[PDB]
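Before any comments, here is the structure.
Removed from the display is one protein chain of the complex; every other protein chain stays in position.
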């Protein structure tokens, strides 16, 4: 029973009122712990402290900021089981991958620290541009922005927090961290590790509380020099709308399509599709959520997908099931309504439409069409629609008609064609003969259209949290 | 005179509203031309044509996009006398500097084309990260954002129009171009060259009209995928507040300080200061606008500066005077409040606080204090305040107190000292023993705090108007 | 006749010894002109001259050195027709291909100019390394090595002369330029254009003469700080063995294989192969010289190849014949030998074992084996051997069994497999579904094993012409 406190200027404190928010395991209903519900004034307190501390943190030598990240990473890898079991219970993530998230987070932090140590500067002579004549040399370097607001999702309460926090701190920014409420105990345990590593006072502040007590206030605060957000599209749009005069990075929803051509390896395709679509029960922005399959191979493809779906284990997070309960009641009803609309409008159900409360069985729908909601709306749940298609050009048209633009998969033996087709897809990343995915973490990661704003991935993140400082000398 | 049309979908037209906005020459108050006053509906057409044309434009091989920039620049350079004369008249820019603007524009266009040509992609192996597959390979390239809204100011109505347009187009975007109303005719003439150079239909659209009609409408339009703005801080902040879900780039106002220490070369310093401050009669975002001088050398530096300020010729743009008339009545009056507020508070007038209409003499003010408006407020006029300072630590503080953070200058024999002082100034670019300035145009250019957002210069312009496209190949 | 002089310290002179070497056209035997045969002491004069001029040239601002290159490129382009006719005559190169050499040379010169202008330095903080810790900053810029000896081949007397001179000069070096005797008139005309454009005195020095008199002397000279050479492997090894304490760049012989798999478009394959193998009658280091074709498609491919080879126009340079006379008497007899050896051991002559003095019929040999010389030795003439092979695996082994490692081509619709096969071939560049080639000239160009040393191409060449200069500040 973790009745967690929050971190402000180096000490672990409670809200002044004493008010708290209750957290329970999605799979069980069982009381897990509580977090402080913070007021606007304590938000102000945390931000001011981070600004203050940023002035002493930026001036530290890079290798010192690098060593804190490495010590923090080591402690997470040390506490892999403990933190892992808390993620499992807190967001109903299957055991091994709750542990796997913590391992990967320590890997992301280390790589980020090492990358920061290799942000070389550059020098430019004045006469490299016509009319500049050569007496002056510019020293270009990178400078932190100040105070980074980092907002993480329930999805990956450790990974997608640390993926933000680590580049901000290592480049000499300070961080105000606002975890998703569900995922906040997990997030707090991650930060406890940072504090135990010796994070100086104020370098990282944790802020918890309801979406409408402190949300806009945080986003509109003149002390915030940068926002990175992962989460729902709606919230992200609102954040963009309300934010003023600062860089903002957004990673939002996805409706990633897998395009399947008739020359495809249909056994590889089915495997990658089922893997990418049903991971963490479909609760992921980056995941295959749409299949566009050419007519001639559809029947064999579907029959392959049906077989693997029916092997997936349904049950408890603790039992390491493939398909675990969804995050809450409200989510379950949403996926349900999508399933309903499909079947009403004449979809073939090949597998599923079964549940016990939040625990939904894996659902496979065939003969899905554009008239169906499940063809566009991100379910964030374990449902996969198949849309039969005439050729590549129809797959592209429907793919691009999505408000979404995160990732796309293209399955085909002909790699040259796949490349050409990918160029016509409005997505951040196209995967050839492979499921969509965020990592490996050094690759650029980004959504366009309503799937995001800015760029993440290890090095792009470092860049987004800094700016050019030019020094001009006369030689 | 020049009753201009605007470009939409490769055709030159006037407004369906039947309305025009009259443009006058600021030096004479005589009519020069006019532009269409478009409707929000004409803005939609422009934006829609731009989006359609982008789908075709973006598929063009790079060398073809690069070849259009070259054709454009050659025609510009070729018409430099004609366009220069129109700038000169439209914005009261000294004759040789207006022609020089076009020269610089043609150069900026070519360098941008040159740089876009040498944009290489990158490959990354999985397992360049622990413990990625190996034989998974990402190919990363730059992809255009879509439709770029470029908004330019009156003071460089070609240079700062083309600096936005050339990187957008060459990287595969299309552009909706909104010039400052004053400077519109110069902007249209620059676009004519681009059209004569053979720009395909819809890749560049020109929008003109009343702020109350089209301003917020452009910045809030869902078909705009990026905004790049140069202009006043207040407008910039408003653009930022109102836009959503897209990148925004802003170069805004500045109040560049020049810190002059005990050991400075006071002749080079005076010279650099006056050149930087009074260029185009101070109507520049990047310009020394504040002098913090160690009181020890203050009397000497002020006698050097006064000499050079009285050296500046004052007169008409056609005569190539150093000081020409300010952009308008409103501007002249604003500068006047600043000067008057300073004297009213006991600052010392060293050189002319005199006017004829909107042509003001260059004004030097000594004994300025943190209590006077002109200590902080960007005049956009020919006035220079001098503030006496205890030491390097007082100038650093007074510098940083400003809302602005564009550039600064440090004048001292002690390079080592200047570098560490520069470190403590919240600015984009610190110049040692030289004036502030935007170029050379390959240097990164940026303001921090209220001075800007995002970054400019040739290569950072190219980055700002694109995004990573990743294609991951499976080789297993 | 064009009785050329050479350049030294700004003036065009003949040799003090009064001697000269005659140059006649390889196609018609007509006297074209002559060059001075310099002494070792005139060579010393050239190098001392270049040395002194460099101290002065290196201190020019970069923008002035690019402008010289621009003026030179503009002059060569204006002289396309004139310099182009000399080349076709001097080295029996087809008229359109000879004029194209000049156009391309100008492009190379400008692109090399443009790229030198945007070479920027880097800065490094001491704290980017454990320890370091502070206000130590390294300013890493680039410095010219000194005097460059550029040695060019017969086959591209202007292209491959200027591709060495242009990057050396632009980066602050001076050049001692040694053209092939056969190709020297064309070389010297390219230099006339440099000098007419305002090249400072001693910046560019031309040396001509007998190999037995000047060759080893040039290569072993203490005043030479860098050598770049293109020519035969044997001569190249002698350079490498004899030079000392200096960077040496070599591009030597090739035996580029074309590997043709089962699934290849045999029409596109035949066309790429013939075009590459028989361009300039095979007198090219980069050129398909071996075909390894899988048994199943060999009949068809060899039919496709035969058809295209018989279409080849064979005759005069002025007539833009596909196949024109090979460089000299030695060359043609050596090629006859290779053809002769193959025939005497069981190879099948598909097309053209016809000789007309130095004018050689394109020769296509089928059923070639490992026991035949022509499977291995570079002919530098219009002969192509087809080797029939079991599979990819056998193709790779026979490819790598060559002493040469220049380039290779892979023909297959399986792009993924082609890439993987490419990784197992020991060559600089692998071309998938296209012929081997040096250009486009921004592409790095290099051979490994006996094919070469170091790297060429626009940027790699610039790099090879300079070294790092570090300045470390301590604040």
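Just so it is clear, A, B and C label the chains in written order, and each chain counts residues from 1 on its own.
By definition in this document, contacts are C-beta pairs under 8 Å (C-beta built on N, C-alpha and C of every residue); 3 or more make two chains touch, one makes a residue touch a chain.
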From B:57, B:72, B:129 or B:445, residue that would touch the chain that is not displayed: B:129
Residue of C:12, C:334 or C:443 touching the missing chain in the full complex: C:443
Residue in contact with the excluded chain [from C:138, C:214 or C:321]: C:138
Residues belonging to subunit A that touch the chain removed from view: 111, 114-115, 117-118, 392-393, 416-417, 419-421, 473-475
Residues in subunit C touching the chain absent from view: 104, 107, 110-111, 124, 126, 128-132, 136, 138, 140, 237, 240-241, 244-247, 250, 415, 419, 422-423, 428-434, 439-444, 446, 448, 450, 453-455, 458, 460, 467-474
Subunit B residues touching the omitted chain (full complex): 61-63, 117-118, 120-125, 127-134, 139, 141, 414-416
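The rule we apply is simple: only the chains that are shown with their structure count from here on.
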Rounded Å distance between subunit B and subunit C, as computed from the means of their C-alpha atoms: 48
Averaged-CA centre spacing for the pair subunit B and subunit A, given as whole angstrom: 37
Subunit B: positions in contact with at least two other chains: 419, 473-474
